[PDB]
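What follows is a single chain, given as structure tokens, in the form deposited in one PDB entry.
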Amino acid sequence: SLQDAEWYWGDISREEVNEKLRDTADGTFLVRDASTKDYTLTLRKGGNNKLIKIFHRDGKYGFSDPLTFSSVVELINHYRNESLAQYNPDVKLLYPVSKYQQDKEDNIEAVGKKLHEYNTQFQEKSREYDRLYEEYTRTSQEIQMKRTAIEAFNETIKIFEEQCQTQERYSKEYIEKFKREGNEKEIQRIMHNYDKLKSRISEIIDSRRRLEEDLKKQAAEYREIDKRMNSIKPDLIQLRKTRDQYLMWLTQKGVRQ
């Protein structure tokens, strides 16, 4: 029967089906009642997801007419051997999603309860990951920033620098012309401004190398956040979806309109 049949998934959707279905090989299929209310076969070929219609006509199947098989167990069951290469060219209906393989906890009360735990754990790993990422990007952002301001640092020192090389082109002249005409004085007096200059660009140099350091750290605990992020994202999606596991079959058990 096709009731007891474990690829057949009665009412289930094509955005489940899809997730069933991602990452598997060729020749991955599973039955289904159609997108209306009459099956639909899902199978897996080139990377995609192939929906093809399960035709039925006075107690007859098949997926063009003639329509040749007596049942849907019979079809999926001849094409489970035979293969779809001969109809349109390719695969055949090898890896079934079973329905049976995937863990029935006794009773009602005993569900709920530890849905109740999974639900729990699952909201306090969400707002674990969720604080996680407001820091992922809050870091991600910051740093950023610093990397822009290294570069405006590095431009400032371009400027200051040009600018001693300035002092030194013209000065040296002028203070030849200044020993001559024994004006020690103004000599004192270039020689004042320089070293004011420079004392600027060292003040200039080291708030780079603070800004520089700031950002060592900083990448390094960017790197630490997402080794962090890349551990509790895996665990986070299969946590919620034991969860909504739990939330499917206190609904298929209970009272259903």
Second form
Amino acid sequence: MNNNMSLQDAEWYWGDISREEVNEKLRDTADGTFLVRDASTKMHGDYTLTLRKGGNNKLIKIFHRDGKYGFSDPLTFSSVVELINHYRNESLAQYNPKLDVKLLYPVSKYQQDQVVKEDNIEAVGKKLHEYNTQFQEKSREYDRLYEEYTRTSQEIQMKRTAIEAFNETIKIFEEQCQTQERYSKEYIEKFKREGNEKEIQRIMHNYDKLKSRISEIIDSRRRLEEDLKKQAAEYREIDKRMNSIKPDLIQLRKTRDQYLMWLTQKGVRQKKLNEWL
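Next block: the form deposited in another entry, after the form deposited in one PDB entry:
Left out here are the partners and the other molecules; the chain alone remains.
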């Protein structure tokens, strides 16, 4: 029943898919997660067993010679199904002590068949068009939020420097008050005597004009801090909106990929796929 099953009908056999297509399916998957594909037509060997171990993909070539399969000479297995199902029930420590792990979780080519239960091709072809439009809607929605996210991040950084630029200006304008307060005390005290109030009238007018400008510059820096808190809240708000769309973008992509993967089977014509997409 198990070992008498054909290699085509086996769930873990994927045929002539690329190593990239294997990397996609085994990305962020548990240990012992595996599948089988055809070997590279450049290289020796018939099939390639890719399995997870320590968060890494482990490529193991399955060779053939005179009705027997295996990883190295001597080739002891009757078929590839016998080789896999053996290491589904037993560790690969037998072959190599390095990778002590079993073939626990087969990545099925009937995985999409579980999700897309609808049999008809035209019905599934219509849902692909619907799922793709929902995906493209949220994709354009995400791009518009990211355009704001960058523009907001830039303007915050422009403001953040301008706050420090205001503070240096205020230090210089307060140093100017120290420059006045230092050299004015000696000259005003010499001129408070001798009855020359005309001198103090001009100096104290100039001192008030300096303090008037300090009040305005401190107000401008105070007003900028409100725009910073306002625009920083927008950055946080936009980042919340994007992080809500992020998981929807993954699921809408992954679901649509499975609907596309289902129509890759049963030889659906490329012309029909592009019209739906």
